Each structure stands twice: as structure tokens, then as C-alpha cells.
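Trainee: Next come the chains, spelled out residue by residue.
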Amino acid sequence: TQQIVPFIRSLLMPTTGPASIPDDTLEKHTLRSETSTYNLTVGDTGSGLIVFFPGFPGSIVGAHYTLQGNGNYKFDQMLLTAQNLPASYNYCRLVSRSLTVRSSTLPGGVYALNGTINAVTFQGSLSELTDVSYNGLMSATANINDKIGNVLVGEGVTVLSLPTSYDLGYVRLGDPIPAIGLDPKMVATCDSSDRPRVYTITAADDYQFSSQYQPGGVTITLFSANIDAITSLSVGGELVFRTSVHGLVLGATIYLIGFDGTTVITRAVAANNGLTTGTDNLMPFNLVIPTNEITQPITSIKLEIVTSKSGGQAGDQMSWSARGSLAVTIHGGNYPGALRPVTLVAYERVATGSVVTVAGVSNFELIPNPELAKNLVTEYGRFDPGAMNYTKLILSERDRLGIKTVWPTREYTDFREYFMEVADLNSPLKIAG
Amino acid sequence: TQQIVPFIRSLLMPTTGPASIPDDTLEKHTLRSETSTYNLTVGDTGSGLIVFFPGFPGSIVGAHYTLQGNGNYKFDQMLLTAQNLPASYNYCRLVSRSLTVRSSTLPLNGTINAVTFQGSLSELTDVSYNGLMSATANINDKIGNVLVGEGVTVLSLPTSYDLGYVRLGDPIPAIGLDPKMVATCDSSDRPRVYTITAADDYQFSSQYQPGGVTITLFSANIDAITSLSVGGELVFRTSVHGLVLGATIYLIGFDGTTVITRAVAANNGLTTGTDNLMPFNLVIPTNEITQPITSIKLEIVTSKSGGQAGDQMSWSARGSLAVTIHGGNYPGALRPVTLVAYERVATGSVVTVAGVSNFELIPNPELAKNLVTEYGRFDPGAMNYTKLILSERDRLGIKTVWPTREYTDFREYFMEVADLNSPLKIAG
Amino acid sequence: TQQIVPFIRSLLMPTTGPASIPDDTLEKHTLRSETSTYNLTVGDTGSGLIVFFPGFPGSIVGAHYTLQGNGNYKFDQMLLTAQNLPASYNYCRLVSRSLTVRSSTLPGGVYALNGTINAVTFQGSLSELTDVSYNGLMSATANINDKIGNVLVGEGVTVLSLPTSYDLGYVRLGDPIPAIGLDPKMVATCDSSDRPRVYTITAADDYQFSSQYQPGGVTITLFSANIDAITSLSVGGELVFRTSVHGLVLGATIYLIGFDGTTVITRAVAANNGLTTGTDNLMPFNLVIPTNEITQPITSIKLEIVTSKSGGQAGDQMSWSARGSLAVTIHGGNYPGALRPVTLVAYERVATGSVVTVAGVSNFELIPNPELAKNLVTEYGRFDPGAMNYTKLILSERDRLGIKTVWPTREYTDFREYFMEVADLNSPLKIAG
Amino acid sequence: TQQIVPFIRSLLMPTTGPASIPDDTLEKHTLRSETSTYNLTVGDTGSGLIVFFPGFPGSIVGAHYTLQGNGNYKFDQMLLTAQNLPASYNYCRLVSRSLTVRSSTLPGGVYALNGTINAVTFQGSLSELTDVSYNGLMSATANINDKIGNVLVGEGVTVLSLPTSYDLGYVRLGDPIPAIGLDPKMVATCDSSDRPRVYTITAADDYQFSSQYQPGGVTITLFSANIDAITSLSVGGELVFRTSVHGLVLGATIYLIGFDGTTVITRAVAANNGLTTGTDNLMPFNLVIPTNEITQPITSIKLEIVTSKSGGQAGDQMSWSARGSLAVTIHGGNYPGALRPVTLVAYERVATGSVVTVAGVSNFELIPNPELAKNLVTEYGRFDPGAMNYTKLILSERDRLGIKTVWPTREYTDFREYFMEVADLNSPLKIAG
Ligand SMILES: [Ca+2]
Ligand SMILES: [Ca+2]
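Residue numbers (the entry's author numbering), protein chains in the order written: chain G, 8 to 440; chain H, 8 to 114, 120 to 440; chain E, 8 to 440; chain R, 8 to 440.
Looking at chain G on its own, in the form it has when it is part of the complex:
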């Protein structure tokens, strides 16, 4: 520390403002901060979960779920940046981010404040967590500085975004692209694409299906698989069906399921589709799911198949054989931060009707869209040598320095003042010559 190092300051104290990442990704850019402010209402159980995407290169900050009587989560809302970055910028890179979660309210009739928080940073995407209960969170990492337990809600928790790789590319935001079309509801964007994530699902390898006839048909769930998506994705591939039985008609639908078990997206992949005897019957997958259709994080994908017969009787026995694999590409999905690190903040025993307050600052390197570029000057980052080495040193000593991704806010506040002991005006420039 001398004066200090703008980047370290920004990284460890994001509410302080942005600084350019001192890596090798030399683009003309501009630096911006976006706040996140939410007042979430606590449900009947007094318990809930905030899912944060600490490294998300863009306006999506997280999602809030309330916990319900029956032990299921129910989606409340997305937590976003104050304004929608893709409306103004085309490219983006996350510099630093911190968020605070605390209660700001005790309801009218309530005698006493009570409530606690458990939090973890998990090195995987949302659907990869084996246990998302308040208690279960605590073992999602072995890293002591990536978990915090039973922090009082009144005091609150601070989430600090720590890097998962530098020298990351600029990410295209989901920015609208100039387009005209006959449909009012037409939407054209240029999506986060670099570093796609690909899931491959072999749904069947000569899977035999056999069942008696039914008016309305017989529906099966061929497979269900955990995947992650926040933004646009596509499904490709093909199933091949064989049969000895004449006049079978196949229906097939893909469902993308949210974290709360709810259907987010439903797409008929093939409806009413006759099968010929002694031949391959192809069922291609050509699905594109746009960002705006994804109303909450996708947590799994499943495929249902309906089998029905034209004629039909009592005992008819409908049978088919199926073979093939599908590929689910989520665009830009493997970009570190896009899906990968997840910070969960769980609360419980909070009085029903009380407010859980979220306040955050996100810092970005940004490239303006064409219209803004006319009035927004861009520059290469400030050069200071040793900024990156200092960052590397700090992170290398992360555990001995106690630099957490999840803090009791009181401890983070102490850390701020313990660190940051120099911010020294600027000695004789004022008296130099």
C-alpha cells in the first residue's frame, strides 16, 4: 500500500467505485457503477433464499426465493442492476461487486426482532448444489472464508465478489439489435456467446417402450437432467424411433424447469407425428430459447413423450424403440461469472412481513452501444505496474488475511477500516512550484 492501488480498493471495497482490471485485456472502455436496491418481503415461514451471481458480467445480480410451508421454494423476483445495461452498452466486464443483506424493518405487532443468516459461495452453478437448505448450505465448500453461519439478520451479511479468473474477454450484453418485423412482440438481440457451456444428454440407447392403449395417450418422462441457464440457450440433436406397430402417433415436449420446480418454458418439439413400420423415424431438436423468455433461473430440462394410436381398443400394446442424444448449448454459459460461482444467502426465523433489504454496487468495464458511443469517450485503462502483482499477492494470502466472499457485515466494516488506512489527500502538489 502506497496511496493505495485503485484496483485493489475497488476489488475489496466495491462501494468505492470502479477501476480498470490490470490484466492484458487492453480495450478502450469506460468505467461505471450500478447500484442494486431491493426491499424483499418475508413470507409465511419467515425463511427464504437469495441466490447471487457475484461474477455475472451484466445486469443480473441474483434471484430471491421464499421458503414455503411444504418445504418448497417459490420464486419471488430477479435482483437486477438499477438500470438495464444492455440498453446502453454492448460489451461488458465485471470489475468488482459487493452486496449487503440485512433486515430494515420489524412489523407492526412484532415484539422482538429475530432472524439469522447462513451464506456460502459455491464454486459451481445453481443446479449443481446438492443441498440448498438453510443448514445444508454450510457444507457447499470446504473453504472457511467462503461460508458464514448464523449471522444476526439485523446486523446482516456482506457478499464480496472475488475473482474467478482475470484476462476474461468482454462479454456481449443481451443488447437489442436494429430490426424491423411484422410482429409487435419481435425481439432481436446479440447475446453473450463466447465460451458456451454444452450439455450432452444421451436420452436413449435403444430404449424399449411398451404400454397398453389409452384414449388421450400414454405420457412418459424420457429423461430429466439438471442444467443451468439465466440467458439464451438452444437445444439440438435428434431422437430416432423404430416400431413394429402401425398407426402410432408421437407427441414430445421439452420443459425447462426453474429452481422452484415450476415450469419456466414449455416447447412442443414434435406434436402429432406418425411412425412408420420398419424405418427410422426422426425427431429433430431445433430449439432456440431467447433470454426474455427465461423469467427465472433454469435448473433442469426434461422431455416428455406422448404415445397414441389412431384406431385403438382394449389391449393394444403400443411399443417403440428410441435412440439418440441431445445437446443443450447455453450461450456464454462457461464464461466465468455467467453461471459459475454462486453465493447463497439464506435467512430463517425472520418475522413474517418484515423487510429484507438488499443494497449493492457493481462495477464494470463497458463499451457503449452505437448511439451512446457518440457521446461517451472511451480509453485504455490507467497504467499502474504492480497492481496485478499486488492483487495476486493479496489473493495468494487470502486465507491468512481473512478475505471472505461472505462476511458478517460488522466484520467487513472493521476490515475496511483496518485495510484502507491510507487515503492521504495529496501532499505538496499544492506547494510544489
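All clues stand as given, with none of them false.
Subject to a maximum C-alpha distance of 30 Å in a straight line, what follows is the list of computed DSBU-like cross-link-like pairs (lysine-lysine):
1. G:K381 with G:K192
2. R:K437 with H:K399
3. G:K35 with H:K399
4. G:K192 with G:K309
5. H:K381 with R:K381
6. H:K192 with G:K316
7. H:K192 with R:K381
8. G:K437 with E:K35
9. G:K192 with G:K81
10. R:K35 with H:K381
11. E:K399 with G:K437
12. H:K381 with G:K309
13. H:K81 with H:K309
14. G:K81 with H:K381
15. E:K35 with E:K381
16. R:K437 with H:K437
17. H:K381 with H:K192
18. H:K437 with R:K35
No lab work stands behind these hints, which were simulated from the structure alone.
Guided by the hints, dock chains H, E and R with the ligands onto chain G, whose structure is given.
Mentor: Below, chains H, E and R with the ligands alone, put in the same frame as chain G:
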């Protein structure tokens, strides 16, 4: 050199263990070594080829092929890491790797030629024992006629730092009605894409045949070790009524053998005076690829419902296909290849492979519960020192393929400091 | 910092008292502090907005609006200086100002959980804000140190007035001028005038009006435009009307609308006014609106026109053509601070029946009115060189120093003690000679 | 203190993470932290007791008992580590541990006035405490730094684990061992065994029993004795019975009693043991009690004998003479930490229904089980000389330094910042060469 530099030590002497790559890719990770041990049997000709993927970010180390009487190679087996990394880890980055190839038994014993080729397997123009020697112009990337008893050392030298973590082909939680159901999350970042314009108004013409007339529309060299997909469309036009088309894609192994065969369209009537579409929607999962893919070909069968003596079946075809091999362009995934060829080894003798691979790894969710991860040790000047060393690679004689005896000498010539640790023991 | 610099002390800690601005505006003046103290009552929705004019050269500090069940704002009261400066002084210049906004008290110096505060400093006048909702505030500036999000109400927010230009002229306050008149309600003042703001509205350029006869007439709103006024303004200009229809009578009224959509001032510009065929019919605008008539900040101006006929029957048709532009001059309106920077403090989730407490100090350079001048000594400011350079340095490093216009009070308090680490008695003057 | 000493840091501030114990026990191991998080509910009396085992080499942290109307304790639940260590590791050694006990229920929203805490560290096992009442606790030690009285529950208490011997062996955790068996409920473990604790109980030295016949038999309790167990144990030994009465049939049953006086385990030791007249009749004890059947700490052991007769009818006398010693071996029992030091945290006057929140961190040296060993690198501890001497010095001056095992949390927090005044980044490594 002072003490030394863990990374340089790991890079130049991988059997020594792992060290974090001193680049800008700052992820919380863990460091691991995986051994490779194989005892390969020499075939009838006393000759064969080991294909190594020195930079492969994961458990695939290489493949062994024996050479046969008729001059063809025949696949033996994949050479892997001791345990399957994707079963325990989700993300991975290669730190360093070395492998030794020597004979260990007799039923002294023939010779080895080796090269590191800066391209993928199918790109090599000549893979014969002798032909290898000209795959590079780089003198430190080839070694000739090393005695098999003494053996060869393959050392993996970098092809780019600041590489992303690669997703391993890790199983993803999934339930399904089929026992043989498999769901993975694949190496995807940095795909390789081949584009094949199979036809641009290609005219086909032939007399009728019971059973049909089969043609190979195209054949093209491509590379795949892991999952890939084929997309695109052919469009067929015709003046002849009642023509039925069959089409199959074959993915062919290095040994000319069919690895994967997929019917793309079987029994498919063509209408007169219209475009007849033949879409390609193929996804090939990793587990189906039993040996490296070296080429792709498309066959088309043309038959007629009626049929007679002279019937003349004709169609016009147009369209291009795209073969995407997932994560294929990730440096190391397909790209550098080291070939170790042996010949004149006595039939029935053992060619012994022993290696160490070093990785930066991120544990899967279940292991993450008990596996602490950290940012890499900071030492400044580690990367500059690496850059200096590599910059002087040729004057230092840092080879990718060594006579083992020469590599051993190099180890002791380098690495002349490993100095205990002077007065920490007496400090205060 | 040596001892310190009175002006910097005053600027950054206004509760400390006044100091002369170290610019080139050398007037004999006197230095004063005026407190602002308000106990505002929270309405039904538990939500509201305080509009501050941090740079206002005089006694107007801000205005309080409650948010109502229906989602609309309603004016409560002006927030003023403790005493009315124009009653005692004729000229004035703002030195520094800070205000506190909080709620809730408990035995032990402790405060309760009582909702949240969002605040921004916007570099424009009140009516220029595109979004004034609690959440929308957060994007009124891109400047991270000019916005603060979801501060607990119990802890509260500190508004600090940062300069918008030095070397400003002394502003004439709205001081009463000696006058006698037959009317008890006669008022004569000398107004803030230097640096007027002028709006020009071309209300019509051959605008055709056409409508069927109506007993009582047909009223239209020719235009509506957002403008800003806190003090006196005037409307000048002329509309010209043409018509081929005989017997048309025009009425026209100007309305000045408050931030809460309420009519603040209504002035008939022309009532009962016959139009002649084939000639220009002039409608001049000669409006002067005195300060005392402006009961709350003006946010827009609109002009209504009534077209009546008197002798009209069944379905007659009334038509006229209109041409002309108006000029709205708000006196001293462009004086930096008079309208320009606005700080919004929005609260919500505040317990109904609790009181939002405002406490502030405003510091001024003042010239006494003739009666006070007889007993009020005035002087040129204390000379200290480097005071202005030091101010310029501090402001130049504003963002790295984290000098905010809106603070969580707790953070401002910390800043005060972090800064201001020298106030050193006065070493051997006491022992000198 | 220079930089500092990882071990001392871990010992005095366990929430900081683990460090290797600088003793002579040189094993290849790995270092881990496990959190403990509990939200306990306060019962009817507003009073209860948390029993901590601060030195326990494994996943058992303590047990919670509520106090009841009738003055008895009632077991609530075991307090454990976040995950079950024996599922992943085979050997273990405790490095350091701290736990926090406070009410998360804050009346008014801010106040810590919600009852009080008394706490002690007792140098013996649970059953050895003579007085376990809230008030009685205070005299369990004479050591002033091992007791704390009437700490406010809102502020809370910190339990710090201080060593009871170094150079301890690695303890085998209760890890499952590969086994197949016909019974679904079959369980095979390898238990903490090193350093057994043995109680010898001479239950009878020619004890004369005499009572009249009753259908179904006559039951006496031969003895009860205070013993301690949290994990597996076994009972060995023999009773010899003499009689003159023909056709007596003896049954024996061992009861293991919880701290709350509840039977945890009941095992029949003898049934249909027909006594032969005028001869030694042996009653061997061959009991093995597995860890898993112990649902709460065992505070005592008793043996009942049931004495029945064939054709007994009326004034038929039943009489036996008994002689013999039993030995109760609790496995690993004498391993310092396994049973020995106990920290009791008692609360009272807490409002019924409020939450007492426990949060802790436990640090371990661990050896992975065979499956984990495949992916878990193990190493000998970091060498730093003088670490152990420094620990010895610190502990030697424990009382003058005021290093407590039980703290008012506020005082512990102060201590943390008073200690730990160096954590100094790392000066010119960053600029060296
Ligand atoms: Ca770089
Ligand atoms: Ca000037």
C-alpha cells in the same frame, strides 16, 4: 534460479509434482498429479505407433496403434490417466506433463522415432516410422532412432498460457427411463468448426439397381476425441418420380475403422420440381468415441419404388454441413500431437509407458465439500522466467521429445539447487 | 492540512460554522449559520420524498412530499431556514450546507429499524428528473458518490452540499422594499434576478383548431411544458389568432402546476375576447408572478383556451388559426444553486405514525439590509492563500477520497473523524513572550 | 508476534481457520474447518443448558437441554459439526475451536435484555459435575478465567477451546468399515479406541437378596453409577449367584441413562438364567453398545435384576446371594477432549419461544478415508520453530493475559483486536527482484 521456481520445476520435470501456472487466470483451485502406466504388447510386425496428446486438459493421454502386415495401423487402446478426472472434478487446466516410452521385457530391441507436430492427428501427411521425422522443421521437436531399451521421454511444452479452465466431461445429475442414459457437461469453450460444402448443384446419374446405388458424396479429414455435432442441410432436386434416398454419416478412426455410424435419413421420398430437404441434426457423445476420429464421410443410397432394366435415376444436390467439435480449438485438446513410433521390436515384448500429468482442478460438488481450494502461490518473476527459458528454448536444448538418457542428464544439469532451507532452523 | 483550512472545514463539515469562500468575489460581508429543523409526519403509505435544494442562496432548503395510497405525491410543506433571511439581509451567497434525515429514537442513544432511504444528487432542476420513484432515483446520476441506496432510516442519511461553481455573485434575497399602498396585501420586493433562466415555448405555428359549438364553450390545452420555479417569474410573448367565422370569443388561462400535479397558480390571460374576421387578433402575455404566490415548487406550465360563441346553435363549427411563442423568465433561475442541483431523499417502509427528523446547518456570506447595516459590521474575508488551491485539490480527488453529496450518516460521521485529525489548541502563543 | 504464528492465530481465533499443531506428532494430514450452526428454541421455563465438549476430536460439539417446570432437564438435540467427519475421514485431531452462544431475539428490535448466561469450563466429564444448576455452575472450577457470570443473552458468550495436552495421537473417527450382511440395519465401524476409560464396579460382595414370590417376578436395582459416554462402549465382568431356593430364574438388564434421567439404551444381559441350588451360578456380561444407539450423552449406568419362580404361589420366599465386579470400558474415553473437559453454558430468564443461536468453527488435522485419499493430498505440517514455545509461553501466562475458555463475546471481540495487531500484507516480496 534461486532455490528454484516451483512452476519451472514442474514444467521441466513433471514427475516432480504440480505447481500453479503463474498467469492471470486467478481461480481458486487445487493441484494434482495423475500417473499413466501402461504395458503395451508388440504385434507381429514388431512395429507400432503411440499418439500422445501432450496438452490434453484432462484424462486422455494418448492412443496406441500396432502396425500390421498389410501396412495399416490397428487401434489397441486409449492411454489414460490413472483415474477418470471427470468423475471427481468439473474443471481443469494442464500444468505440465511428461511420459517415458521404453521396452521392459523380451519374449537390444529395436528403435524409436518421435515428433511433436503442431497440428491435430488427422493433419499429419505422413505417419510412417520414417516419415515422422519431417512433420516439423524444429530440431528440438524430433528425435531419431533412439534405442528402445534406453527409451524416449516426451515433455509437454506450452501452447499458450492464460487458458481458461476446461470443463471435463463430468456426469451431470440426471434420471431417465433408460439404464444406458448418460448426461455430461462437456468441454465446450473454444469450439473447432469444420465447414464442408458437400455439393454445389452436384449432378448424380446412374441406372436402377435392386438394393440401390450407393455413393460416397464426400470424405474429409477432421479431428475428434470428445463430443461433436453435425449441422446443416442438403437440398435435392429431381425430374424422376419415386426416388427414395438413404444417407449415413460415418466417423472413421485413425486406423481406417468405422468408429461411429449414423443414419441421417433412411427411406426418404423425393418429390419432382421441389427442394427436398435433408437436415443434419447429429450429436455424438464422448462415450461413443472409442478411438480418435480422423475423418468423416457421407454415403447416399438411391433407390426407386418401381424399377426395371434401364431406368436412369438422377438427382441434383446442394448444401453445406458444419462439424462442430466441442472445445476442439482449446490449445491442447486436439492440437499439439506427439507421435512415438517404434519398429524392429521383437514380437511379444512389452513397450512400457509411464507418465505424470499435473493439473489445476476444481472439484465437483460432492468433492468440493471436503476439498479446500485456493488461489495459486504468488511468486513474481515466475512467468518472466518461464518466458525467458522458452525464449531460449533452442539454445538451452529444451526438447519435447528426448532420448531418456539425455533428459536425465538435463534434469541433473538443471536443478542444481534444492538446498534444504538454511537458517530458518537457527533464526530466532 | 496544517491546523486546517477554515473553508475546507466549513465545506466538509458545515455544522461546524461558516467561513468565507476563498474566491475573487471580494465583498465586505458577514458570516452566518442558519439551522433547519423539521419533524415530518409519515403518511398512510409509509413512503415519501424530500426534495432538497443544496445550493440555494437563501432560506429555501427543500420541500417534503408524502406518497399516498393511490401512488401519487402530495405536497406537505416547504423546508426552510430557521429565520427568513430576506427580512434581515439583502444579499447572500451560500458557503456550505449539510442536512440530516432520519427517524426513530430509543432510550440509550440507540435507534430502531424503521425502513430505508434512497438518495441522489441530480445535476438538474426538479422538473427535469425523468423518474422520481424510490427505486428510480438511483439512476438519476452515473456518479457513484452522488447516490446512496437502502440506508436504514433509523441510522439516517446526510446530505452534503458540494459546489457548483465558485466566483458566484451575491444574490439578492427576496427582501421587502420600502413601499406604501392603498392595499393591505401590497407586497414589494427586490428579487433574485442576476442570471435569469429563460424558457421559450412556441405554442403554435399556424395551429388549426376546429370543433362544434358548445354552450359553455370548448376548452383545449394548447400546450404543457416542464419548467422550474421556486421564486418570482414572468411570462411574456403573444399569440395571434386568425378566423373566418364571426362571433367567436376566446378565453385563455395560464396554470402553473406543482410537483404534486396540483395547481399552484392560475392566471386568466384573456377572458371574453372577440375575434375579428380576416385580421390578426393579438393575445399578449404580461404575467408577473411574485414569490409569495408560489406555495410550492413549480414543475410545469400549461395554457388552456376556451372557444365560445354565445349565439351558436345545433352543430355550427368553430375554427381558428393560432401562431406565436411565449417566454417564461424565472428570475435568477440560472444562478447555480437556485434551481439547479437537486438532492432527493426518498423513504419507504417507515412505520406509520413515526416522525422523519430533518436537521441541517446552512452557512452564508451576507450583506445586511439598511436597518441592520447600522449595527452589523462587515468585512472582507480572511485571507489565507492556498485555501482555494486546497479546495480544488480536494474536489479534484473527490472520488478517490469518497467525498459524497449523500451519505449514510454513520459513514459521514466516520469521515468527519478520519478527516479533521488536527484541531490542535494553539501551541506556544501561551508561552511566546 | 512477527507477522504472527499461524497456530496461535488458529488457537486464539478459531474462526480464522486451521493450522497444524506444532508438536511431535508428525503425520501426513490435511487441515479443515467445520462450522456448527444451531437455532435452539427456548422452552416454557425460559431456561436451559448447553453442554459443550470443547476438545472433542470429531463431529460431536455438544448437547442442548431445556429446563422443565419440575426442575428436570430434558434432552433437545446433539450439537454437531456441519457434516459428519467419519463419513469422509478415518483419523482426526482437534486443532482449535470456538463457539458463540447468544439470543438472536432482540426485544424492541435493538436490545440485548433477554435474560442471562452463566458458563464454566469443568475439568471433568459431564456426570462428574456435582451441581449443574444455573447458579451452581459458578463453582465448578476455582479458575476465574474458566467461568463467566450473568452475561446478557443478547450480547452472548464465546466458548474458546484451550488445550488439554498436545502430542495427542490421531483418533479414529467412528468411520464406517466395508461390510455386507443379511440385515439392512447392519452397521460396522472402526471406533475411537486409543486411551480407553475403564470404570470398575463391584456390584456386590455377597449381597443378600430376599423377597416373596410374585407372578412375573420381582425387580430390584442392584446399583447405579455415574459414568460418561458419548460414543461406543462395552461392559465386561461377572456376577456369581448363590441360592437355597429351587427354580429361580434370573433376568438382568443394563440401563444407560441420559443426563436428563431418560433411558437412552436398555439391554438384557441375562434371561432364563435358571439358578442351580448350592452352587456358583455365573452371569457373564458381554455387552457391546455401538455409538449409533447413544442418542444423547450417557450420564449413568444401572443394572436391574428380575427374579421369578416356576411354581411359586404364596408365602414362597425368593433369596439369592450375589458377588462380583463389572468393568465398563468406554472406548477412547480417556483421550483428552473425548469426555474430559466440559463447558457448560446455562441460560435463564430468556423469553419462551425465543431463539438461542449457536455458531462455531472447529479446526482439525485429518486423514482421509480410502475413497477420499484418492483425491486428497496430505502433507506433514508447516515447520515453524518457536511456534510451540510461543504457545507454551502464552498458556504459561494465561491468567495474566486473561485468556479465558468462556468469554462475554464483547470482551472476546476486544481481545481479538488487541491481540492480532499485525497482519501486514507482505512488504517487498512485491518489489524484491
Ligand atoms: Ca495475461
Ligand atoms: Ca476567479
